[PDB]
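What follows is each chain in one-letter form.
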Amino acid sequence: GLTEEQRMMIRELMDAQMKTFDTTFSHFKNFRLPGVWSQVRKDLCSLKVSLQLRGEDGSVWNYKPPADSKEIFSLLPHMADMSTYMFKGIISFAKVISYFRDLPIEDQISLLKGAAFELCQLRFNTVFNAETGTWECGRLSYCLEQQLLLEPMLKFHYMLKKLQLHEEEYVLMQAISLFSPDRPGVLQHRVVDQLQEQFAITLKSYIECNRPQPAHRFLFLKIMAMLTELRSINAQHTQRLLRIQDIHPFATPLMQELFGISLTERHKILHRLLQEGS
Amino acid sequence: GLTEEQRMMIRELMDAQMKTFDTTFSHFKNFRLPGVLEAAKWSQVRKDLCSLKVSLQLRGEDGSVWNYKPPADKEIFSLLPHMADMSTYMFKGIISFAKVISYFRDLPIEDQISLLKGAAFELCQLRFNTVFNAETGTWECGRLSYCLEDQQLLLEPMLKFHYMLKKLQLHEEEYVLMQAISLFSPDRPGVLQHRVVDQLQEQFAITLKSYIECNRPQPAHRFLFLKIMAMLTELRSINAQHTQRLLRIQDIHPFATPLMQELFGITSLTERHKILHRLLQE
Ligand SMILES: CCC[C@H](CC)Oc1ccc(C(C)(C)C)cc1NC(=O)c1nnn(-c2cc(OC)c(OC)cc2OC)c1C
Numbered sequence: 142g143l144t145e146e147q148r149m150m151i152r153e154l155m156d157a158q159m160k161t162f163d164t165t166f167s168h169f170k171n172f173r174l175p176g177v199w200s201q202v203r204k205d206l207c208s209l210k211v212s213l214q215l216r217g218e219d220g221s222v223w224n225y226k227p228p229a230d231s234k235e236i237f238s239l240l241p242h243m244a245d246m247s248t249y250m251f252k253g254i255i256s257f258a259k260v261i262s263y264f265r266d267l268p269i270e271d272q273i274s275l276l277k278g279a280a281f282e283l284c285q286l287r288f289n290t291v292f293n294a295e296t297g298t299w300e301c302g303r304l305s306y307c308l309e316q317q318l319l320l321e322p323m324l325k326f327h328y329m330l331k332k333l334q335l336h337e338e339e340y341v342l343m344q345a346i347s348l349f350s351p352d353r354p355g356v357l358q359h360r361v362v363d364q365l366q367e368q369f370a371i372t373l374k375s376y377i378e379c380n381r382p383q384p385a386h387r388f389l390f391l392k393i394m395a396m397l398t399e400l401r402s403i404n405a406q407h408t409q410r411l412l413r414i415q416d417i418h419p420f421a422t423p424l425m426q427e428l429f430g431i445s446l447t448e449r450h451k452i453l454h455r456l457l458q459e460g461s
Numbered sequence: 142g143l144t145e146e147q148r149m150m151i152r153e154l155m156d157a158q159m160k161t162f163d164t165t166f167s168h169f170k171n172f173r174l175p176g177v178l195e196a197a198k199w200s201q202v203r204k205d206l207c208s209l210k211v212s213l214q215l216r217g218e219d220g221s222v223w224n225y226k227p228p229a230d234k235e236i237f238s239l240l241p242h243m244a245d246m247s248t249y250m251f252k253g254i255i256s257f258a259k260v261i262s263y264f265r266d267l268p269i270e271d272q273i274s275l276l277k278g279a280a281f282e283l284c285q286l287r288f289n290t291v292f293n294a295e296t297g298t299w300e301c302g303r304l305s306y307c308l309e310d316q317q318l319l320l321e322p323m324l325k326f327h328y329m330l331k332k333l334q335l336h337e338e339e340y341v342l343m344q345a346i347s348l349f350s351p352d353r354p355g356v357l358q359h360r361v362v363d364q365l366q367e368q369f370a371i372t373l374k375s376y377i378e379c380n381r382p383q384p385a386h387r388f389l390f391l392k393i394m395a396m397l398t399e400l401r402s403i404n405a406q407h408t409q410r411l412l413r414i415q416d417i418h419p420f421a422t423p424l425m426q427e428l429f430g431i432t445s446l447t448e449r450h451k452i453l454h455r456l457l458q459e
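Chains as they are written, first to last, in the deposited numbering: chain B, 142 to 177, 199 to 231, 234 to 309, 316 to 431, 445 to 461; chain A, 142 to 178, 195 to 230, 234 to 310, 316 to 432, 445 to 459.
No lab work stands behind these hints, which were simulated from the structure alone.
Some hints here could point you the wrong way.
Said to hold, decoys possible - Taking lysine-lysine pairs in the BS3-like style, the calculated list, with each CA pair at most 27 Å apart, reads:
| hint | chain 1 | residue 1 | chain 2 | residue 2 |
| --- | --- | --- | --- | --- |
| 1 | A | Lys226 | B | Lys210 |
| 2 | B | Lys226 | A | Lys210 |
| 3 | A | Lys170 | B | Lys234 |
| 4 | B | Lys170 | A | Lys234 |
| 5 | A | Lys252 | B | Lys226 |
| 6 | A | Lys226 | B | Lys170 |
| 7 | B | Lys170 | A | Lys170 |
| 8 | B | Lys226 | A | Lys277 |
To be verified - Estimated spans, in silico, between C-beta atoms of each pair:
| hint | chain 1 | residue 1 | chain 2 | residue 2 | range |
| --- | --- | --- | --- | --- | --- |
| 9 | A | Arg413 | B | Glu295 | 42 to 48 Å |
| 10 | B | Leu215 | A | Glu195 | 33 to 39 Å |
| 11 | A | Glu195 | B | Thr296 | 51 to 57 Å |
Here a beta-carbon is modelled for each residue, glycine too, at the ideal position from N, C-alpha and C.
Based on the sequences and whatever the hints tell you, model everything.
Quick look at the structure:
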């Protein structure tokens, strides 16, 4: 049994997730596609994937990427368009949350700047297939091509998928990650921290009310440990992606705002999206 | 051996084939691709498209491979715009091939149109056979490949034609001689100079027959010429079948390029074939 606010808190996060997560990716359209230095290449080989695109008629386009030999940056324009679409649903997810919109406009930008990558990877894990190693995104599919676990990103997705979390546990991780008080640029550190502690208490209470099996022992502490690991991966890959942008500019205008390439003035797209409605 | 006129007859056909056959399909660009998105009229159309089912493969300069798996069953009309662009590109190379031949230029412009109107499909299949892989079942057109999908395929005469013709393992000179015999068919609709085209076709047949006698062993290729003539006869029937299959599909779903509309009878001999007439002047 959870308190009435804990029940209300989960139902709002669940309602916000349903309204702002295009799990079928049907509204993802107008995306770039592949046409018909030593420190950089070591990272891209781990996340090498093949792109599949199913059609409403039943046809299947399949893209096998070129081998290792300006060929490792062919999928990045598409992945930038995909990451931007995912984050636009993340922004809408934050706007629906009542505790988020009541924050100052600068804190809303600072929180989304620090949780952009983390909240996308949590939503990506829900469409990740453990056996096939494929992120099934409705019309689109991303299939990979023992040693991969050395890459923290792939290792994070396999460990998180192994926990077999509920929808409520996924959206609570998004709330705990979004309401991080120690993000760069946050002013209301104390108010955001108070909000984060309530999401953690709600997550801890939910697990005790629905997970009696021994496979889920210490599950709350595992989740909190995964959120810390995901925070480190965020710092690694955000620093890594700036090197690729430095050599081959590929980021969309919204991704450029999130990287640093007044807050409301240099984050014009993010400011406009926070003022717009559903 | 071969007579000096027959030797020069092969040299001209080989020269015409070399100048007009983009064997690597390097100049085939700007083509359409399948996008990322009464009752007896359709019933007869579905039977035609399910016969030949191929998957499209696109190799890239960097090493990437785009692959298109066709759908099942207005969904079976996804590959037609691409094949219309491929056929038109092949037709233009066939027209240029005939224009290089001196025996073809001396014919009236109407007989040139009539011969090209009846042998356009046949000469493309002969060129397509040279890039067909019997083992993999794929037409390798350089960066483009067309792999078939399921004796299940021998039922269609078109696929059976390519496998039987490939088994003969014909030379380049024998292939280009088949094109001349097929191009100079005197019994095409609209042909006027029946005797010239018939005598010209007989000389190409004699040259092809004499070429086999002088460049092949004695007992092994004793009937190779008659096998070739049988394949040309079978190929003429496939042309009549395919031409009728395309008119039914075009009537329901227009996909024909302007050049294909003229060669197939869709809307004087030069009044209804203005595009084909212009390509013969230049
Ligand atoms: C389902 C597709 C995804 C998949 C899920 C983990 O994974 C990838 C797999 C392969 C590749 C290759 C290009 C190497 C082939 C990439 C990814 N993955 C990504 O391309 C990516 N995933 N997240 N982000 C990202 C997003 C952000 O917010 C918009 C952000 O903040 C601005 C920073 C980000 O990166 C540090 C990217 C660029």
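Quick rundown of the hints versus the structure:
1. Restraint check for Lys226/A and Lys210/B: satisfied, since their Cα atoms lie roughly 22 Å apart, inside the 27 Å limit.
2. Of the pairs offered as hints, the one joining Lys226/B and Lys210/A holds, with about 22 Å between alpha carbons and a cut-off of 27 Å not exceeded.
3. For the hint linking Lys170/A to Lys234/B, the alpha-carbon distance of about 23 Å falls within 27 Å, and the restraint holds.
4. At most 27 Å may separate the alpha-carbon atoms for a hinted pair to count; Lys170/B and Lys234/A meet this at roughly 22 Å.
5. For the hint linking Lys252/A to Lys226/B, the alpha-carbon distance of about 33 Å lies beyond 27 Å, and the restraint is violated.
6. The suggested pairing of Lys226/A with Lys170/B holds, with an alpha-carbon distance near 21 Å, which does not exceed 27 Å.
7. A threshold of 27 Å between alpha carbons decides the hint, and for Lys170/B with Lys170/A the separation of about 25 Å falls inside it, so the pair holds.
8. Using a Cα cut-off of 27 Å, the hinted pair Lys226/B and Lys277/A is violated, with the two alpha carbons roughly 41 Å apart.
9. Separated by about 46 Å at the C-beta atoms, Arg413/A and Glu295/B satisfy the suggested range of 42 to 48 Å.
10. The hinted range of 33 to 39 Å is satisfied by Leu215/B and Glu195/A, whose Cβ atoms lie roughly 36 Å apart.
11. At roughly 46 Å, the beta-carbon separation of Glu195/A and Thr296/B lies outside the given 51 to 57 Å, and the hint is violated.
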